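Place chain C on chain F using the hints.
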Amino acid sequence: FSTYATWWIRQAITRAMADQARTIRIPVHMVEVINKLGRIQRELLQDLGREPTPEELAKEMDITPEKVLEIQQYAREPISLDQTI
Amino acid sequence: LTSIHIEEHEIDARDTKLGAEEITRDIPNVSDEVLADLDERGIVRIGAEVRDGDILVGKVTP
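Those protein sequences? They're chains F and C, same order as listed.
Residue numbers for the first sequence follow PDB author numbering, beginning at 281 and rising by one.
Residue numbers for the second sequence follow PDB author numbering, beginning at 738 and rising by one.
Keep in mind the hints are simulated off the structure, nothing from the lab.
Don't be surprised by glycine CBs; every beta carbon is placed ideally from N, CA and C.
It cannot be assumed that every hint is accurate.
[Stated by the list, open to error] With a cut-off of at most 25 Å between alpha-carbon atoms, the simulated SDA-like pairs for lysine to any residue come out as follows:
id, chain 1, residue 1, chain 2, residue 2
1, F, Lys347, C, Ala750
2, C, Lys754, F, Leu328
3, F, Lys347, C, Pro799
4, F, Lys347, C, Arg751
5, F, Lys339, F, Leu349
[To be verified] What follows is a list of derived Cβ distance ranges for each label pair:
id, chain 1, residue 1, chain 2, residue 2, range
6, F, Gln353, C, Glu747, 16 to 24 Å
7, F, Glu323, C, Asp763, 38 to 46 Å
8, C, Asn766, F, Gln353, 40 to 48 Å
Pulled out of the complex, with its shape left as it was, chain F reads as follows:
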């Protein structure tokens, strides 16, 4: 029942984390790209050492480099008003 339910636990948890984790809504099929972008950016930060570029990100994802710019602006988690600066 563990080896069975592992599916449903994961799918439920990640289906929730797709929606309710962020303030602004972004569907699972349009946030998985941001999560995997995060993961492979961590991988490319780990391996190559420096930060990779949206062009190389778009070469890794196999997308238009004007989309990875569009997905980062979504990946900007919003900032509060009452903050000591």
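Just chain C now, kept in the frame of chain F:
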């Protein structure tokens, strides 16, 4: 006792999720006379005296 005081004014064209920002002369709903100090590229020509209200950088949002 006359001094020279230089105020720095910084602006940029960042690609917002809507479209892409641009630093260009032409704006739609303006007058011609105010678009004078600027050149074709959308920056003021060097040495043009500015009155409070003048355009220092021509920038457009999507």
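Each hint, compared with the structure:
no. : hint                              : result
1   : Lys347(F) x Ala750(C)             : 17 Å, holds
2   : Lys754(C) x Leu328(F)             : 29 Å, violated
3   : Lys347(F) x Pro799(C)             : 16 Å, holds
4   : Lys347(F) x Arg751(C)             : 14 Å, holds
5   : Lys339(F) x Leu349(F)             : 13 Å, holds
6   : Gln353(F) x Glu747(C): 16 to 24 Å : 21 Å, holds
7   : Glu323(F) x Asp763(C): 38 to 46 Å : 44 Å, holds
8   : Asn766(C) x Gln353(F): 40 to 48 Å : 26 Å, violated
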